[PDB]
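A.B. asks: Model the placement of chains B, C, D, E and F on the given structure of chain A, informed by the hints.
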Amino acid sequence: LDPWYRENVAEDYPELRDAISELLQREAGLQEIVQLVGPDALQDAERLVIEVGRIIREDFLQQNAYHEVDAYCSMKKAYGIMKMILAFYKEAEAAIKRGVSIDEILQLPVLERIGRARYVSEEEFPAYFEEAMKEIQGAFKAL
Amino acid sequence: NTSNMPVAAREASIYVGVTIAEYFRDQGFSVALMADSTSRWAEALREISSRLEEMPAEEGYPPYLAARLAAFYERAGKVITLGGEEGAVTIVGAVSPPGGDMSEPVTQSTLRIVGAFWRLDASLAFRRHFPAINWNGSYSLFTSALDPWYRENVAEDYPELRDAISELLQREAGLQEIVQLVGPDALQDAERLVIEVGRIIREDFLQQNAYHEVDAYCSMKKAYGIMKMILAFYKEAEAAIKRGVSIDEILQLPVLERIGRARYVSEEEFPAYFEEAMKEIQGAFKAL
Amino acid sequence: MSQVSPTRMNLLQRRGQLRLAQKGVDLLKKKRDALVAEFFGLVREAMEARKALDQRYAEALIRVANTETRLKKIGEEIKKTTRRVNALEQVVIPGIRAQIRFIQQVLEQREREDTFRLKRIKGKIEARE
Amino acid sequence: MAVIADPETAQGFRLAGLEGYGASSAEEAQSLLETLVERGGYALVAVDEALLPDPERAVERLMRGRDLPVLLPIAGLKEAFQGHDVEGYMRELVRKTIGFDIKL
Amino acid sequence: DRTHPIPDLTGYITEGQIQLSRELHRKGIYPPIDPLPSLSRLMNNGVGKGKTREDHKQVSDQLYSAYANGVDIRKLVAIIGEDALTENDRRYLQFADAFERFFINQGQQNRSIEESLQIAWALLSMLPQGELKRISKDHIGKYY
Amino acid sequence: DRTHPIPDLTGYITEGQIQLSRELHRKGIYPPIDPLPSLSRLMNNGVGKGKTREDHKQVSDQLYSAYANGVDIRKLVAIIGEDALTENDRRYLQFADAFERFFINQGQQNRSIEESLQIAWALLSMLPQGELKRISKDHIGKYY
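Protein chains in written order, with the working numbering: chain A, 1 to 143; chain B, 1 to 288; chain C, 1 to 129; chain D, 1 to 104; chain E, 1 to 144; chain F, 1 to 144.
Bound conformation, chain A alone:
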């Protein structure tokens, strides 16, 4: 079904879902280890992966069947939310690589908007990508 999505919805449908699944796969492995040696030894890189992995679970996987909007998520909305999450991931890993505190990213203002994105019925959702990039820049500014 990947070609139907690539031709009618988004060229990067398959690559995006493979990337999210690898995220979730990595989280599962990390949580198993943390179950043993605790979370205190976790590097910033591993804390970031759990942070974004959690956003995938809460902002994407979870859907509210009782909400008038999130009861159904059109194909066009599904990919747009995926790209907001995956774009936040790339930016997150990029910021860490430049010594940005994960704590600074964890409380990034756009995050709360990404969390309520499933409730928006307008593309105002893809605008979050640009809102994410500038916000990280404001974090590249403060260093």
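It should be emphasised that the hints constitute simulated quantities derived from the structure, not laboratory data.
In this text, a Cβ means the ideal position worked out from N, Cα and C, and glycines have one as well.
Warning: the hint list may mix true and false statements.
Unchecked claim - What follows is a list of derived Cβ distance ranges for each label pair:
1) B:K235 with D:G40: 43 to 49 angstroms
2) F:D1 with E:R53: 52 to 58 angstroms
3) B:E156 with D:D67: 52 to 58 angstroms
4) C:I121 with E:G50: 18 to 24 angstroms
5) C:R128 with E:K51: 55 to 61 angstroms
6) C:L118 with B:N134: 27 to 33 angstroms
7) A:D18 with F:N110: 22 to 28 angstroms
8) A:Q137 with F:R26: 37 to 43 angstroms
9) B:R68 with C:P6: 26 to 32 angstroms
10) F:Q109 with A:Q43: 53 to 59 angstroms
C.D. replies: Chains B, C, D, E and F alone, transformed into the frame defined by chain A:
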């Protein structure tokens, strides 16, 4: 009921016996009916049934192998005989499964009827714990039925004492399961004490020597007195631990060896052990 | 054997690993307890020790390591061949429940399913006759 | 308890009333452990870590009886403090435990 | 054997199941109900406002969670010793005894659901209010 | 279940067996071939000088032995911890990953026997030369 005898005779043997048993209870006697065993009676009956071409079921036993057996055990009971007077027939039936399987015939159907089951345990026997009755797998539905007789005639604390000992044994079973996993090194003093007293219950109480001239029979009066020596040692043990007495100090307490040979004493010198236990713990409260 | 092996087997197994798990979280709690008395020890140590270097002043020294040496004594090696103790232990222990668990299920595999090709064969003899 | 340190320091522990013994090498110091061990009365020997870079091999060699002194390597030399021999002791101790050379 | 075909096929015919266990009975816990194998296969259909009381599900959830934690802590006490248990864990340990002594044990006695919820709230007071994760604040204020 | 009568009776009818394993597939190793349960019954009849290459049997034997040791060491790592493994065992542990990553895994791709032996020799370099018990010195000098 020998092997050269027809399946018919062995089948009828329990009915001939029960009738004779009911006859003596009619006089106002309390009779015991001991049935060696019903596994072999059901094999003799299966032989007769198969020869009659009745349809074989589970393990090839005829379908009429449950209602009959139940009907037998139903003839047991203490009655008010014809013309008043009371008598009774108590039944003790042996169970011999084809081999450890403990399914059909014998066991399965029987354990569903009978109200009491005394499980001789080969592992308890190999360990030289007599009688070899597993205090964890055996059961009776008569505990409450007979508690008042004990309370009125023997001891006011009979039921509370046996419930407390059983909770001890129950706790030991749980502890031993865990130790089987994580080893015994992590055990707190409190848990080591429970195993110590649990072991004394098994060795000093549960185990009885059928071959000893004294311990071959344990009078009701002796049973409660030994129970109170053990339960009193328990309370004192838990009380001493709570006051930081080393369990190793309690484990080698001199009275313990006497408690171990108490089943061999035929005189009440046994209840004297309670006072001997208390003072000895005091000598342990002294040394601290 | 046969039946009965059936359930004590795996609750030795299941109930008995539920509580090996539980010693696992116990010891990472100790993790966080231990490692925080780990660094502070460290602290004063580094400390007035070299207050010792530039050195009566005899104690900027043993005063130093009466504090310095004591603190890291308890903490330093009591604090962990016993810390690294607690936790280095109980984990080859969820090893027990682990591969040995594979144990109970090849065991259990072997026969509620094997014991059945069988209740049913014998049916089959005069079940078929 | 005995303390084994470089001679100047060892002298200072003595002036403070403690039982300091002076050494200037891993080997010399192991010798000192063995004399103390044989001689018998100590429950603990605190050793400058510069003088005890391998304390397991150290026990290994003392061999004798018999009930041992706890053996405690503690900081050293001068330039060895003006690091932080902590940051990395910590990297090793967490890897040690959980298994994970974490990115500190 | 709860897997014997008879008891096993009966489970589907029920809206509530109360499973008794010999192991539990041998520990002196009566009624000898296995709290992790008894299900309101249909419990939610017979509780709440207009049936029992609005806080019934929350109280049942909290008692079940606290009793299960308390029972596990009996294992932890055996592992580490009573004195090594945290203050918070000690409260959960004690709650398990309170649940058994006061809620499970009845001196033969016909308790109304109101009586049973009252005992439930009384024993729950033993726990820190901050540790009542499964009771919404609306119920704590109204019923605690 | 490889012991089910169907697959079990089929083994005798074969000259080469390739056994796939779910466990291996779940580790992301594809093709999910169990390197210690795949055999060539008639393999010796199709290899060597004039067929494949003279070192083929030696290389196959050494890779099989090293992979089997490496897989057992994955168990030993779990038992003792990675850091407690000897330097020599660590090399065999690593060889098992190299065998899976580079030899088993193909990015769909038609490897000549020459290509396959080359990858085999490349991964074998990870092992100490002194630990190549199953390769005669003549082959080490000529092909290593």
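A.B. asks: Compare the structure with each hint and give your call.
C.D. replies: Hint check:
With their beta carbons about 46 angstroms apart, B:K235 and D:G40 fall inside the hinted range of 43 to 49 angstroms. Distance hint check for F:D1 and E:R53: the Cβ-Cβ separation is about 53 angstroms, which falls inside the suggested range of 52 to 58 angstroms. For B:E156 and D:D67, the hinted distance range of 52 to 58 angstroms is satisfied, since their beta carbons lie about 55 angstroms from each other. At about 58 angstroms, the CB distance of C:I121 to E:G50 disagrees with the hint of 18 to 24 angstroms.
A beta carbon spacing of about 56 angstroms between C:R128 and E:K51 agrees with the range 55 to 61 angstroms that was offered as a hint. A hinted range of 27 to 33 angstroms for the beta carbons of C:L118 and B:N134 is consistent with their spacing of about 29 angstroms. At roughly 26 angstroms, the beta-carbon separation of A:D18 and F:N110 lies within the given 22 to 28 angstroms, and the hint holds. Between A:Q137 and F:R26 the CB atoms are about 41 angstroms apart, so this pair conforms to the stated range of 37 to 43 angstroms.
Distance hint check for B:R68 and C:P6: the Cβ-Cβ separation is about 29 angstroms, which falls inside the suggested range of 26 to 32 angstroms. As the Cβ distance of F:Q109 to A:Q43 is approximately 36 angstroms, the hint placing it in 53 to 59 angstroms is violated.
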